[PDB]
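**Student:** Below, each chain spelled out in residue letters.
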Amino acid sequence: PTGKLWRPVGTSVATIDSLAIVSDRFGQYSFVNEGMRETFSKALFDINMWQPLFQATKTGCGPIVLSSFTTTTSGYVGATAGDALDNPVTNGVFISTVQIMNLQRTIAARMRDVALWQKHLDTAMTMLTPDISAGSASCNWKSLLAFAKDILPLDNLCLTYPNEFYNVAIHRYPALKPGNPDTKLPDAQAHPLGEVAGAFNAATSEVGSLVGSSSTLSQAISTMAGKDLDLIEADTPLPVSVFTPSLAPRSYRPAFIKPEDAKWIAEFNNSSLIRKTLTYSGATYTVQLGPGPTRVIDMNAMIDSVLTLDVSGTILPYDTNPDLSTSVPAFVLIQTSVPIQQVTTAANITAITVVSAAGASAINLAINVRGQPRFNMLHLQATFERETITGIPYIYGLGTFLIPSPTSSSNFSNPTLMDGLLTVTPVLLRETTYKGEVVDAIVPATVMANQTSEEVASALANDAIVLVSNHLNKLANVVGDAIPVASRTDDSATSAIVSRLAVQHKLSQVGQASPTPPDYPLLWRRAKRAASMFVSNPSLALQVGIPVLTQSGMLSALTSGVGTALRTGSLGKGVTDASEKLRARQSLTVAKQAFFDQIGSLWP
Amino acid sequence: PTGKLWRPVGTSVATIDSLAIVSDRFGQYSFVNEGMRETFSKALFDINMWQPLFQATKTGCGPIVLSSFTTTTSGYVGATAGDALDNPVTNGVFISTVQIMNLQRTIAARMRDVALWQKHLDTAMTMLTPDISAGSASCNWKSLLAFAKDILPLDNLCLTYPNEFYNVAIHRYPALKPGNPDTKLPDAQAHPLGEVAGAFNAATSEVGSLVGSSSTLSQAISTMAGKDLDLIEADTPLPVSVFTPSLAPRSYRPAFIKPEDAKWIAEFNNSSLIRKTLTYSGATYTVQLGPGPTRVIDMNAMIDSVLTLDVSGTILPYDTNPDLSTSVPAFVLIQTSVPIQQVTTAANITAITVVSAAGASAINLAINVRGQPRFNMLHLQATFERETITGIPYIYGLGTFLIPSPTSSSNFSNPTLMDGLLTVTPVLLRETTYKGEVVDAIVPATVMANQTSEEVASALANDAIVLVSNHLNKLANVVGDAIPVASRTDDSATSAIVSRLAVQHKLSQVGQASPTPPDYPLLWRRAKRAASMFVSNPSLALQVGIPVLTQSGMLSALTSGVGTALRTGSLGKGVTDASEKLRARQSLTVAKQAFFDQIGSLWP
Amino acid sequence: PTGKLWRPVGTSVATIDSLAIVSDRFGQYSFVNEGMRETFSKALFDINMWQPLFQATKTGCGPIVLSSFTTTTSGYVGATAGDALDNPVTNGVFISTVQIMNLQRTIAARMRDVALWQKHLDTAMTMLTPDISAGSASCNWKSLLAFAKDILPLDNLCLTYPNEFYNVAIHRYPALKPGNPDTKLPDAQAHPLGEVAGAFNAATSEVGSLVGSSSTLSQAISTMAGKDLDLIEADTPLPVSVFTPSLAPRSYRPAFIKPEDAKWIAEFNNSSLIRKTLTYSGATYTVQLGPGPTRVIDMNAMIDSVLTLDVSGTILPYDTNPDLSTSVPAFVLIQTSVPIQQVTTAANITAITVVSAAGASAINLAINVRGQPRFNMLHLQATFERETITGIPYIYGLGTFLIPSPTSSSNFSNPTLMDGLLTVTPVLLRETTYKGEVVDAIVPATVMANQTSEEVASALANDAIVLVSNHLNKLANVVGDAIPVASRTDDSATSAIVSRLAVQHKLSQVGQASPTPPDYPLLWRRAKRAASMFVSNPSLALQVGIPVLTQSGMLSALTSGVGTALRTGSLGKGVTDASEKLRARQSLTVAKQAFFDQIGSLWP
Amino acid sequence: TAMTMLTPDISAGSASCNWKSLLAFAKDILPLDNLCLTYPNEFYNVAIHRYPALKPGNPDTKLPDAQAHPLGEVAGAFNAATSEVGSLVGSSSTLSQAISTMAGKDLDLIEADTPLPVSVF
Amino acid sequence: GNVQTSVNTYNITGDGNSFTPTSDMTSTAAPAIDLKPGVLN
Amino acid sequence: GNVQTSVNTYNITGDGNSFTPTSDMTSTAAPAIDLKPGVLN
Ligand SMILES: *C(=O)CCCCCCCCCCCCC
Ligand SMILES: *C(=O)CCCCCCCCCCCCC
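Residue numbers (PDB author numbering), protein chains in the order written: chain J, 43 to 646; chain L, 43 to 646; chain N, 43 to 646; chain R, 165 to 285; chain Q, 2 to 42; chain K, 2 to 42.
No lab work stands behind these hints, which were simulated from the structure alone. Among the hints, erroneous ones may be present.
Claimed, not checked - Listed below are several chain K residues computed to face chain J (Cβ distance under 7 Å; list not exhaustive):
#1 19
#2 28
#3 32
#4 33
What the hints assert, rightly or not - Quick list of in silico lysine-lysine cross-link-like pairs, BS3-like style, CA-CA up to 25 Å:
#5 R:191 <-> L:184
#6 L:318 <-> J:516
#7 R:226 <-> R:184
#8 K:37 <-> L:84
#9 L:226 <-> R:226
#10 L:516 <-> N:516
#11 L:226 <-> R:184
#12 J:516 <-> N:219
For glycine and all other residues, C-beta sits at the position ideal for the given N, C-alpha and C.
Isolated chain J (complex conformation):
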């Protein structure tokens, strides 16, 4: 049973409506199922432990028995009259609301009390590493004590109550074994209150540490089910939400990104220059679109973000072409009639809006750093919005210069300030971008081995690629973490892949002389580096031309392997290299024993 206890209410036989939460002057009795007593007992148990320090310091008020907050009522206990009817409990143990209040504020008040002392006990305890993980190692008690008698700073609490803290301590450190009163010798065994827990944390030499290897697994299992690593290369529309894209604002360096390497950025590849004009704040400036191709951020295929083009440390040659100086650098949109990459001359450019200029010309924004005047780090920045560009077939964001007077000097300059580190930040997660279009769902499998070397590094913050990369990255840490894809152990991961290579290379051999019986020693090893190359750089699985990894099978395969692989690790997964791991722990205890030996001499 569970929930609040109910009891028959009003005239009639017990029934699903006869019942009513048995409330009263104390609040409502909620049932205390077996396991929920484990907690409140485990919590109180950790407080009772500090008994010797509560009396010493006259705080506290006696040991807290959980049997002081409960009661022994009886009735039907459920979550609702209907279902509570199927849990007739007799003399169960319930805790009334007003009690659920004290057991709370008591464990809270006492928790402070101890949390404090417990902190002093520590700066003194750990102040001599009472924990080794291979074999033993003593340190003659006299010295030890006479030593901490020093180190411990005058405001601890282990100097005001030595054997009032010691008695608390003995129950937390199975290192300190108190000398028995009637034989005046230790005990071999150490009996700290955490008897079992402390036994099951020792780094057992057979397998690393059960508490470790156990969690590193349940931890990975969490992720595997959580993010949705499963279904990682699913071939079908998936809401961007399914990718929980967060804290995702990637930055670049355009005016370098080739147009074909990333759809969201077209260029004005035209013969001559395209000097246009525009009255901005009265003054008339001339946008240039100089000698080179001047790659500009396209506006369509640009998920309403927060574009913030930073222009700093980048050269600013106002020294040579004086034409450049005087011009306030500024991010400006450019609506063109004919599609760009077909826009020849000025009459082609519909209009030009200065979405964000920089007050003060190019001779205050400068700063000489050895001849080559740089740009004082400043951030121009628009706030592009999907629909502010409705209809408008062609429009481009360009972080240019806005020259107040074009001249012969700036005839080979080309004032694109895009060489600066631009940082787009998708401000509306629901919508992603792929191959130049804005969508609401991705098709994972499509984005695999479909980008090129740099059609990946040139991805646009929160676009399929960047999403089908953030995803693999989780799955990449589950294998990297739990599975042993980094040793000659032909693990579950590199194993799922090997079975694909076989089934694959086996049918490609079917029909024709079949002169080559499948290899296997070579297949195991080829798939080992395939699974390994993945854990290594999760990204690669997106680039066209990557051995194994990019065939449709793998990944879809890998994950579902790694999947079941985590759901069976056992507990002693740590048996892997638990030999050198062990031998390394003994190595430490031998060096730490060496320490105790000095504590033992210096302070005799």
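With the hints as your guide, set chains L, N, R, Q and K with the ligands onto chain J.
**Tutor:** Just chains L, N, R, Q and K with the ligands, lined up with the frame of chain J:
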């Protein structure tokens, strides 16, 4: 009850003193509460499973019953005489210390034993993805077997014991259903020992996966309470400790950062040059402070860190002004009398200490990379300390050049090596920095919408801004993760904000014609992108001029929403887009069924 | 007991063989141990809660009692005949397979049902932060309701069932206290079904929050045992696997990295130029090895990776030396006879392979960005493999230019395209690299204070240094997180170190006048910044010349302290600064009360 | 979408289609978001009662039944296009339908010789 | 078509099933149920 | 796959075995056993 068992040492009458931990020749009996038997049973259960492999290989020693390590003593069981008095347990089940030792080293020894085999069983099991997540899919057993008879490398253990591993396997993979002996046909149902657990992990088509959606929530709940996301925009002094700043060493590019964009960096904006001198290692060099403003790291407002100015790949024009060559680049402090930004000429600069020079002039540190000789990657580096600058009102760290002989050539150079990538690393977490002052507590709400575009990116490693950014970043991953702030589901997050916008826009309408009844469809949508823009780039909420996000309400609001939102997710939160998610899983099982079909033909 | 139930197939006498899983027409009865009923009850409990919404909307089918899926069989219940023999259970409660199916698909079907409604209830609930964390704060109900009557968008479900959702709600938000029918007034106490859980999550003013501080500890404990932070500075061979290196592809900028600062990169420091030739694709090009030293990636000491040298934004002076234009930039290997750094002239260079050229000369790859033509972002890229360089004592990877015709113009150019951002990605984790050699195991302690300032930042992706950095980094977040290494609390971490400094400085004083009695106030403070400097920048502990941190004791010491420190935190660790933390929470509730006050007026 | 996706209705004589094929066929066509792939013989049992085309094989003789027993036993019998006269369900309605109009609009009185309100039209 | 077993009296992939339309029984559930005011009452 | 006979209740090459995953029962032993200090006791 819990803890070690005690018994009346004084006999009969058991008072809060006539007790005593019932120790003896076996150690101390510690009680084995109901739940703690669940573990040791669940641990032994996972070992017994491997029974067929223990006999086959003559290791092991029979099935391990947990009832072989315990006993049936009876007495009072608590953590201390006082509280143990309230737990009279009769014939409880306790495990003695020396036993708590075997149940430990047995589960450890056996755990190794199985951990090994269990690894072989796997490279063979996952070596044919026995796990699908939508509908079924078989693969005629003959083929399957005759297939793995191949792939499996000659050193497995699934080839030496086929149906000695198979029997272990059948209990772990409800995929392999053994053919019943007396009807020689499968069973429809599959009965693996993990009957329930395996039932509750299947990706249930109604809602993603209970095991997933459940954890992704408890996981987020952990963080929410842990780091202290709650109280994220609290308006009142908070110890830096409350922000657990760790692994926090940010790097820049000064000599670019404007002085007003980041208090910790002032500049010598003076008319002419300020050539000073200083005997460093005998030889007399001249610090320049050349033509430009030469931005220098201020020393006050500089949390005793580890400044490490790297100067590499950056230009080194010793080719033109020969004056530059011969000068050993070096980070040097500069104590000025009159405050900088008021320091006109040499007589103003009190003294200049070469806190770290680079042995060998500027013509060995070079390296030609196409005309423009660069700097061989080298790291100069001081170790500034709060108090080494006590009293000293003005002092600045400057990574300049130290020219051995100033000339006309270096009259427009300005040797500030600050254009290099400097990396400050706060070496003393307790103290933070804000707006130019060193403090011990932040006031969160103060740092919101108080920085500018770049008064953020120019923050100083472990300063309020960088702390009130590391914090939002956690809270940003809790929403990004748990809450669905990335779909049209007007989630709890974007909902907490909408209620603020209403209450806000509603009173701004009070008094005056109230010609505009609040919108709502427009408010819901405006707050959706506000909560969304946050998850996106957590930082923004610090920059002055960000719609919604920067009003005092939000955040303080958001978090406390997201807060309660996680504490109610239910379990089936995965119902979100659990349709396409499902349809994608069927998509995979259809492709994986396609695989089994070849395994089924190639190896008939 | 646990597992499926068995019964004596041979009847009466139940031996370790006369048993057999009691299967049948329903599947196999698996035992439902005490705790496993807690879950299925806790799951069903959370569904029954939504009873009022199931009837309202005619879905559901009555309350789901877990006692409808189980049974009361009796027999022996274990994991295998052998061990099941020691668990005679009478009238235990087992759930048959076919039942373990419904309790599953029911909780799944119902889970969807509620998951939906439960989402509507929320957008309305959190839409008025029903959760404060200090003191109370009301908001006159009328207003509140009449308010949400607005905000809530027309497609919720809290408008179609107000007090059908309200009744569900009252059990989840102890904020909404329903007015009692027969006294028509609230209740003071609030009785939500989550009575206890909700009591134990409140931010108790004594210590932050038990649910928080508790997890932040168990969380850290997980890591500490997991990754293997323990043994962090172990002095003995450790398989790279023990470091779970994943998602590890670091990028650089060679042609800058000094050869001695990173063994994996030697340079051709020769007097004149070394123009060689090579027929690549018919056309004959000349590799240059120009004026400067031209640092090249060495091939030995280069873990078979995926070298991808990006050349973009970097200068391309085809404007001056016309010689440069026309030459297709390309990454090329260079096998030399005599060891490099001893290779004088052309006759010395055995052969030169163009492992990856860039189609199209240097005048299409350009792009004018203000005079200085840059490189259109493109990625050349080899796939170096350990053994493809077997025997071959000397061979180097060089991302040079391949000039189609060397001239006088390119006599001081030196076409090394290495100034570009190269990104090596280890494609085979098992093998690491150290000091220039490829190995399979590291010796942790060896890599401490053994690198120089930049012999660290110049590390090669997945090399001991980068591994003995990824490791410290975890341990750095465990302390940063759990332990309070960021306040004057002389924590367990900075305490473990202090004891080393003492024992150390104490013996260095032994022998000779011992004129200086150890300090301690100065030692505590010195070790505090030592432990602090570590949490800060984990890396440092690798660099030669770091105070304290780099002595062999520390770290090996630190971790083992931090270790036991986490295994005792108590629960109320949050007592640290739980004063200002508290005062900040009251600060928020005072501001949130201010909000409710407007909701209370505007919408009267 | 799965049933009619193989016209289970003919109107003259019979015509079978070996079940194996049929099934193994729809195993294809049916798009991945139906519900006849998630419950085959959970839909099949519903189906058997609506399509007297699908006759389930009897468990204890493992053969069909000749007769098909769909819950709409009678209705489905009286809709078959009986070869004697087109279809009772058709011919019946085409009549009651016409009868409706005849009385309704007021076709009767169509050439009445006397003043009639336009409304009557 | 994976075997079920009891949920419903017939397996789909069950033994000897048989798709076979007969012009005699035109498959039909109940669509034309009359509910109009006068006719339902 | 050579016949064994009694060592274990099932032969591998035994009569009518059947590999056949069901999205319904995701194969899993016991990895996440909780042993952390507070939780084990
Ligand atoms: C298992 O489900 C394999 C697919 C066979 C039947 C799926 C649905 C197609 C046949 C429908 C039978 C019920 C009425 C059409
Ligand atoms: C005889 O041993 C022939 C090989 C057939 C089985 C060997 C191992 C491969 C199949 C594994 C079955 C048990 C779980 C995978």
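**Student:** All hints, please: hold or fail.
**Tutor:** Structure-based check of all given hints:
no. : hint            : verdict
1   : 19              : 18 Å, violated
2   : 28              : 6 Å, holds
3   : 32              : 4 Å, holds
4   : 33              : 3 Å, holds
5   : R:191 <-> L:184 : 24 Å, holds
6   : L:318 <-> J:516 : 56 Å, violated
7   : R:226 <-> R:184 : 15 Å, holds
8   : K:37 <-> L:84   : 15 Å, holds
9   : L:226 <-> R:226 : 19 Å, holds
10  : L:516 <-> N:516 : 17 Å, holds
11  : L:226 <-> R:184 : 23 Å, holds
12  : J:516 <-> N:219 : 43 Å, violated
Hint compliance for this structure: hints 1, 6, 12 are broken, all remaining hints hold.
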